[PDB]
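S.K.: Letter by letter, the chains look like this.
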Amino acid sequence: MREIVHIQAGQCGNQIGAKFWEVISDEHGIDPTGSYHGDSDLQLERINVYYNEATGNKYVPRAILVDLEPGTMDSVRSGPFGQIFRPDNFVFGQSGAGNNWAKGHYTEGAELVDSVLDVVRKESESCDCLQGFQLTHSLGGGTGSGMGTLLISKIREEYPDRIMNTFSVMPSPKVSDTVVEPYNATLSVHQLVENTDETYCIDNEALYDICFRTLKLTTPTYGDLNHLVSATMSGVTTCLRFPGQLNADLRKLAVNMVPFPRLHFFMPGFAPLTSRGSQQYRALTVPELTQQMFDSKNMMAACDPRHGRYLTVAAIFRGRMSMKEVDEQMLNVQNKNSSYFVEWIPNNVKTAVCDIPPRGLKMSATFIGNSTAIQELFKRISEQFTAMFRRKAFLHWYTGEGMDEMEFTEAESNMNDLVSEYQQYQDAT
Amino acid sequence: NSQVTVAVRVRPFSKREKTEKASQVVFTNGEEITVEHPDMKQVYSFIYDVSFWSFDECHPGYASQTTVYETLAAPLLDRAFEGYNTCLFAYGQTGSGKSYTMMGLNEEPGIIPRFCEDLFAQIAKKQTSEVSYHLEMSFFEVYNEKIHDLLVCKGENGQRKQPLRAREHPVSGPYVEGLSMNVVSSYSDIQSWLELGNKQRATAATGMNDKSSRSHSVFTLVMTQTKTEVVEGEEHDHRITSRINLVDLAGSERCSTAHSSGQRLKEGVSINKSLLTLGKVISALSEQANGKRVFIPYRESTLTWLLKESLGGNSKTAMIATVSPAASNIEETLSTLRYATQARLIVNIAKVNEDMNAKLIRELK
Amino acid sequence: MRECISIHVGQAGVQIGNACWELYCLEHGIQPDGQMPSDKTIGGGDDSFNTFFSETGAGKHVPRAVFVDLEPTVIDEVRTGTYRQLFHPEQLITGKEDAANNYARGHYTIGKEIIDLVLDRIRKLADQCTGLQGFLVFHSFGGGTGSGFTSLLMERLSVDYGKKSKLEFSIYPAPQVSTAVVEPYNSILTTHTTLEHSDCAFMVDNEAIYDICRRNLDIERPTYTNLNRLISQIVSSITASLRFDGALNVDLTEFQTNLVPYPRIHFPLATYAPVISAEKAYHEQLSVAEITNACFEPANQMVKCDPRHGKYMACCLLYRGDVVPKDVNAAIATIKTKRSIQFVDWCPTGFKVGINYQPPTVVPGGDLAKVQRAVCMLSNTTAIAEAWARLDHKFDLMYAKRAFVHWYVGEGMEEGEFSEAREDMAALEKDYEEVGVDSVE
Ligand SMILES: CC(=O)O[C@H]1C(=O)[C@@]2(C)[C@H]([C@H](OC(=O)c3ccccc3)[C@]3(O)C[C@H](OC(=O)[C@H](O)[C@@H](NC(=O)c4ccccc4)c4ccccc4)C(C)=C1C3(C)C)[C@]1(OC(C)=O)CO[C@@H]1C[C@@H]2O
Ligand SMILES: Nc1nc2c(ncn2[C@@H]2O[C@H](COP(=O)(O)OP(=O)(O)OP(=O)(O)O)[C@@H](O)[C@H]2O)c(=O)[nH]1
Ligand SMILES: Nc1nc2c(ncn2[C@@H]2O[C@H](COP(=O)(O)OP(=O)(O)O)[C@@H](O)[C@H]2O)c(=O)[nH]1
Ligand SMILES: Nc1ncnc2c1ncn2[C@@H]1O[C@H](COP(=O)(O)OP(=O)(O)O)[C@@H](O)[C@H]1O
Ligand SMILES: [Mg+2]
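Residue numbers (the UniProt record's numbering), protein chains in the order written: chain A, 1 to 429; chain B, 391 to 755; chain C, 1 to 441.
Treat the hints with caution; some may be incorrect.
[Unchecked claim] Some chain A residues close to chain B (C-beta under 10 Å, calculated; not the full set):
id, residue
1, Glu-27
2, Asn-195
3, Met-406
[What the hints assert, rightly or not] Quick partial rundown of chain B residues pointing at chain A, CB under 8 Å, derived from the structure:
id, residue
4, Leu-554
5, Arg-557
6, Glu-558
7, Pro-560
8, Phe-685
9, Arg-689
10, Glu-690
[What the hints assert, rightly or not] Derived EDC-like pairs (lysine to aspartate or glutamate); straight-line CA-CA distance at most 16 Å:
id, chain 1, residue 1, chain 2, residue 2
11, C, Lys-96, A, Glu-45
12, B, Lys-682, A, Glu-45
13, B, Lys-431, C, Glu-429
14, B, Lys-656, A, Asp-404
15, B, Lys-431, C, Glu-423
16, B, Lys-431, C, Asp-431
17, C, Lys-401, A, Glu-421
Don't read these hints as lab results, they were simulated from the structure. A virtual CB, placed ideally from N, CA and C, is assigned to each residue, including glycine.
Using the sequences provided together with the hints, build the complete structure.
M.R.: Below you can see the structure in the form of structure tokens.
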């Protein structure tokens, strides 16, 4: 039995995780009381992946909730699916980080991390075979970027041979939500690059463009954006829970997707997405899913892969399909769009198929791509970074909490080197 | 340019091998080391930059200790006295004759003492009281990507070797936080430090030897050269420093022909990864010297990250591999010959040197 | 009596095995519950043929098979499917982690912790036999399990059992279609190891069958439940002569002798000619000649390799059903008359023939039709050297930059093993060339 630990840190992780458990529970037939009210028997065979069991045929998720303010947690408790979580896993203090990566890493988070690890060491040893970890947080803030990367470093030392899968909302290009956004992200990337195995970069502006163009949503709220991320989170690890023809897992994807140990920042997506009216006018087939997957307008990363090359991609399918259609269609992409793929990787595609689709869709598809177009995200942050660090715009709030200027320069170089390493493969001889 | 001088030392037969009559498989033709398996099947050929045939003391081109020194190490000294950085790597399996080449015995000394004493002699010749020199050294190791200091007085308890961490200074480059440094004036005050370190260096008994090396080791000698100009303005401000790095690397060790588990397995994986990254670095540097600019993955290992400024720019790098000629170790010698190589190794079939009893085509002609 | 052990490794093995024992049960009259109601209705007969099924005194018939995945998903379909009451519950699902499409994971790290059980159940199965004829390993190149675990196992069996035929039935990686980035490495690694222990490896690629089902069976979007039924038939023809009556019977050591000239060129192909739908079962005669000529069509090979770019060394033709020998002799001559089919100068005979009287059976729910006669070809050609070269070039392109290597070292593999395995496939590319050079004096 493969098992996964979920860690939710910050206001972005928990507001995402609350839909995630509202998406996985609705799959396996679990209701808000932790009880089973399903129809099919395949919902229970691999329930141990995400949930643990309780006394009266009740199921408690293996979730760990973290924050520095109790506002996030009281929303989960007094909410749709709050009565299922373990109350002893609601870890929180007071007096949040003030969007200071220092406060979440060194000063305040360090007074709370030892209580977090006590839960993690407890849940893991209760598992038969651990497969990896799962963290949902945000860059641009203090807790998610500081407390998250702190837990990453500690877990990695304890469990270095397990996967550390990290979903992270990266900062958007046009409009910010914090002022010290590049300070906190660069210092997070310095930790994620060295310690994680696969991280999925999400950008909110990409999700707004999806809700506007594809879904034709006029007033999208954060409960909808996360209703898209929860889909990707569920598709990646579905082949650990449901059976299929060509199965996969977190480690099989990391091998094919990570050619070199540092290039593990991915551009995700999900199909099929459509409007409530235009559902009667679309034929739901494998090619119609592929054209939507590889479209630049369904990437959550806010970076055009047509300004770069794919090193290697992945395509996870779900439903009753034909395996000739998958292999033929993913081949037609490489031969047609030959210039957006690398020459020294002959087949840049991994494929996986499951036989149990989503609640009300004959089929679905999940997409993971590793492209050099993520170059722009890190290059953008560095220009913001040096433009601030060159005059010490806000540097006195980070040094005041136990940090030096040298630590800021390390995070810049390791970012700028990675920017070049991706650029080294945008070029042919 | 900054090229990489790869060299190979073919150890001669030992007493045990001569008594067991272990047959010879590594031969030379001058500019090529050739491997002919006793089955007389695929014959491998490797062309290096320098070959040291220490096999038989009366063969032409016999590579003595002094020969090896004057061939590889002395140019690094001449480079160091110009204000540039130098690195000497030592690779080989156990029993291949690596310590003989680097350190030496009470007699027939090696690269370490030869370089040290010649360095001090040239320093003495260049001393004037107008030009001054200062020598400061350190010695550390790398174990599972963690740095440990070898010149620290330690007791006996559990998990005592405190790990240090690497940090990047914007100008001076990467370094080790908290690493000690000690000043020297001769070789007799280096020996007692090296003998303190090599007792704390990590070792463990395995199917190859009961005392094998399981951690990379770096001995770094930092020279500072002070000058003064006669304009009555530049009071002891002309400073130029150089770094000589001497790196003992551990062997690959295949986990297939050695059934292992736990700590030894982890050590092997870490060593293997380090060697792979080092190979990538050296090959990319060769390509850079041959013109095509590339990206060097310095950051994928502590060793390369710490040695970044000593393997790039205006610097000199040498890699001494050591291999044994016996047929009892085909897989390791071929593994050490396939590793230390920048050009392409060629393979053929050459059992047809027995055409007709020492061909005797003299008759045909 | 004659007794064979079928081993299925990984996912490509199991999903094929589920199709095979589906068929073996039908030909012999066995229900999924292991029972055989016909024998108690008859009062005699060994139709519960002890080649593939052992029998207990309670009337239940238990198959001689062990299969293992190193992940529990695909076996758990069997422990909860329609064939649960047939198999021995000793099926290995000690697969708490998968091999992540890594050789180094199925050969070392999780390559062990599972193998001692596998050898024990085999040794139990062998101890129940009055004589073995060989093994049948179903696996797939490209994965970590089918590449790594297959190699470790083939090594050990060559020690414990030694001179016993070991016939592999493997999915060869295709040139264009592929479901993984690191297929070229895993194939070259186990090919290096399995070469010195196997005796005959029957190759199949999933890209050729996709076209066969398209052109012949008229299936426009097939899946693996169709590709694996054809593969079930190729095996039945090989193993039919050990179960049913026939005129020219063929044992398992006869493929090893006629199709393997030199010990390193034991990579033959396979195909199955009368693959037709129910509708096209009419409109055609399906004689020995029309079926036998189809086996030499380059478009009906189950491997994507044009034999016209190479020469044939040996070809074993296994006929089934209402077949008369003269029809075979007349047909084999028609092939040697045609000039597009070139044989090596050192093999003027070339052909082997085997004939059986039990026709093929129709798995209900299937796509294949009922016929009176059916044919299975097995050929060794020099054209397959082109396919070895494609893999070696893919290898070199992405090994010159040391890509994906740190995932293998992270499991215990050395950097040098890649070279040691690329040199052995560069010697194989020559041996296929040396053989194809016509002699001179
Ligand atoms: C008749 C019909 O078409 O109903 C669809 C529907 O109209 C559409 C718009 C649904 C609908 O999508 C949305 O309304 C939506 C809103 C904001 C953000 C994202 C989606 C739907 O909500 C989505 C919902 O699909 C699911 O329920 C999946 O199981 C989904 N889980 C949930 O939606 C869910 C969330 C909370 C509680 C219970 C269920 C899922 C996705 C990935 C992996 C597992 C499960 C279904 C069938 C529909 C509605 C309900 C309209 C689609 O949604 C998805 C991701 O599959 C949009 O395209 C699909 C299918 C249809 O186009
Ligand atoms: N013909 C056929 N091939 C299959 C089937 N399932 C998987 N494959 C092939 O298997 C190849 C990938 O290797 P796998 O079989 O998945 O490897 P594995 O034995 O499962 O080992 P793991 O990946 O670690 O689980 C693909 O190229 C597929 O073509 C099947 O049901 N039928
Ligand atoms: N997608 C998504 N992102 C969010 C949501 N709430 C906050 N964020 C992101 O999280 C960031 C705020 O950082 P946060 O971790 O909440 O600050 P903290 O509470 O002090 O740790 C912003 O950049 C937002 O883009 C949400 O509901 N959905
Ligand atoms: N040039 C040489 N001439 C004679 N013997 C040599 C030479 N080089 C090495 N040796 C032999 O090699 C041995 C050293 O092997 P050892 O130090 O155990 O291997 P390693 O250096 O890999 O640890 C010495 O005992 C010495 O006799
Ligand atoms: Mg599998």
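S.K.: Taking the hints in turn, state whether each one holds.
M.R.: Verification of the supplied hints:
no., hint, verdict
1, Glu-27, "violated, 38 Å"
2, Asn-195, "violated, 12 Å"
3, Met-406, "holds, 7 Å"
4, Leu-554, "violated, 16 Å"
5, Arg-557, "holds, 7 Å"
6, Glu-558, "holds, 5 Å"
7, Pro-560, "holds, 5 Å"
8, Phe-685, "holds, 4 Å"
9, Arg-689, "holds, 6 Å"
10, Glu-690, "holds, 6 Å"
11, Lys-96/C to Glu-45/A, "holds, 14 Å"
12, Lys-682/B to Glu-45/A, "violated, 56 Å"
13, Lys-431/B to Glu-429/C, "holds, 15 Å"
14, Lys-656/B to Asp-404/A, "violated, 34 Å"
15, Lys-431/B to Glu-423/C, "holds, 12 Å"
16, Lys-431/B to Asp-431/C, "holds, 13 Å"
17, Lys-401/C to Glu-421/A, "holds, 13 Å"
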